[PDB]
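Next up is one chain by itself, shown in structure tokens, the form deposited without the ligand.
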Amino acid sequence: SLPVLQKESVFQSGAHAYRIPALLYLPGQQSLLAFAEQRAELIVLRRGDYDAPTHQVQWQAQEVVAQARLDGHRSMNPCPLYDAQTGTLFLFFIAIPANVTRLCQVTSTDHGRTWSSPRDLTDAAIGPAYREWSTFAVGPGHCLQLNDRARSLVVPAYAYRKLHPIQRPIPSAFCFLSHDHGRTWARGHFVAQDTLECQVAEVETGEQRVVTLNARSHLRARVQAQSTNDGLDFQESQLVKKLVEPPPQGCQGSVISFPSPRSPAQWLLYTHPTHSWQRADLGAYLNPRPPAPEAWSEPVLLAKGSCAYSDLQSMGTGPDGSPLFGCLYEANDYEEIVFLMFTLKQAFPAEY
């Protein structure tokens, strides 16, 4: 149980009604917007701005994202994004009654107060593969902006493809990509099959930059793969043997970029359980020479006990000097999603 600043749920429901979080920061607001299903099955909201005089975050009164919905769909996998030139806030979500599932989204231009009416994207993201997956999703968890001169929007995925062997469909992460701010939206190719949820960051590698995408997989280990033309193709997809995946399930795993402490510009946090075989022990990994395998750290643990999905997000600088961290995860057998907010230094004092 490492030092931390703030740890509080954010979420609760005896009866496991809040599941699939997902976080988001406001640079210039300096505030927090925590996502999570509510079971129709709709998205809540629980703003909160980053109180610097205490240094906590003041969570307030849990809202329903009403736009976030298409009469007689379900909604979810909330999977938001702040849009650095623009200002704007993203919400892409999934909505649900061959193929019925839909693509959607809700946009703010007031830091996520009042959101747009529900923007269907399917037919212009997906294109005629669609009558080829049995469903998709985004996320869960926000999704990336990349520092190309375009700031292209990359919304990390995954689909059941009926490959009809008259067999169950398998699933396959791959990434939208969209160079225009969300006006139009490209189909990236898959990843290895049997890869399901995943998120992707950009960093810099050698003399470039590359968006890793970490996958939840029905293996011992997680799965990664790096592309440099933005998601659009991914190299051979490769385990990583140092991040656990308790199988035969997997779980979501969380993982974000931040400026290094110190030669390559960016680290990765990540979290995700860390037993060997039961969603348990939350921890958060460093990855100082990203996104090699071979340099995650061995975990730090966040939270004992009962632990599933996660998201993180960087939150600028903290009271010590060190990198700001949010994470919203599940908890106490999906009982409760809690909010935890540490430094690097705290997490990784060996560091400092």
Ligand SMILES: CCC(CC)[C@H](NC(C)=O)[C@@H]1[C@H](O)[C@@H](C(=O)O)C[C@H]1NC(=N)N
The other form holds:
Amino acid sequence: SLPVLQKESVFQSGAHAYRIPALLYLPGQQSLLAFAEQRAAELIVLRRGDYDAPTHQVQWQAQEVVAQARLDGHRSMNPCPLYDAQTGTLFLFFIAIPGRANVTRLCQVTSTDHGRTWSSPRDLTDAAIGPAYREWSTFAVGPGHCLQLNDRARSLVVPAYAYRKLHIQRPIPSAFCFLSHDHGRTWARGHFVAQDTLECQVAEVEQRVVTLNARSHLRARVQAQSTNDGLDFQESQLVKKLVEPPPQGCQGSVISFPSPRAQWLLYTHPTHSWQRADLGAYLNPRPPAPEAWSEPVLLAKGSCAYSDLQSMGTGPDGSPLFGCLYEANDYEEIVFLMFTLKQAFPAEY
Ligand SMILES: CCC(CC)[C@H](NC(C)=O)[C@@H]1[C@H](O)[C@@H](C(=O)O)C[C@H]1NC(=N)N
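Got the form deposited without the ligand; could you also share the form deposited with the ligand bound?
Below is the entire complex, every chain and molecule, led by the chain shown above.
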């Protein structure tokens, strides 16, 4: 299908299994960081990748284990990378569940050497959630990259969802954002969006809004936008243009990038309505506008699942360079795709 700069496998089954990928680009470093769950949900691993423009290809180093990203007697999962341009610090957020009552933990480990080494995990659970904790059974972050805003305080936005016990029934899940306006010092919990929303990610648009796209039991993605930097999500509706597979849907990813014409959205997710196959790439020139969403362009044929996008700057063709990470061939491996806006949306460049 679609010709791309590079298509390679960064993780593969054998010794252990790997799922739930997360991608992070380090602008002033030309580098990328591929995160994932190393399953015997056990530990989180990481692979550093140095991108070279001339050879149109990224060079991946050895695989490593974020030793710090874990709590004793707790499995880890849902790695959510995020980079603070302001301080140049790195944040890897995750979840720790022990080996009806909530026992989930929110944790973060930071790096100041571009992810070469990490700190001690900070358990943000009690200060970040508060009394509402007991009101849930479980929650989670990402999985995937998080967001930093363009507001005064260059706030940090972490996408998440909680499994609300609102009743005589199961628990209902709703997405929300963990906000910090002091570079991961303090954390607050923004409000929820429509019910029955799950794994999600956010991106900033053009005055300034936060578009949040979430997984859903239904047959179409659920999309909500915010005007108060993620605190609230006024609008919120089904985007029939973005199919969602049968079971309980599947995780997608979305990022923003500068329009060649103020940003546009790129989104990745399986295109098959009846399964997790044929990973497409949808483009939105008039974000957030739900009907502005284009048809998808086939990125990879066959079985596909969780994915994560990353804007990588300028491609060798002059167009926006993108970095994709997705689960393939029935979780047998994880692939790193790299292409440009040109190759994907030739009519749009
Ligand atoms: C129970 C809530 C689910 C998310 C909608 C569930 N996530 C967690 C943290 O348990 C995911 C889901 O069951 C699996 C999938 O859809 O592929 C992956 C699975 N995620 C992980 N094993 N990390």
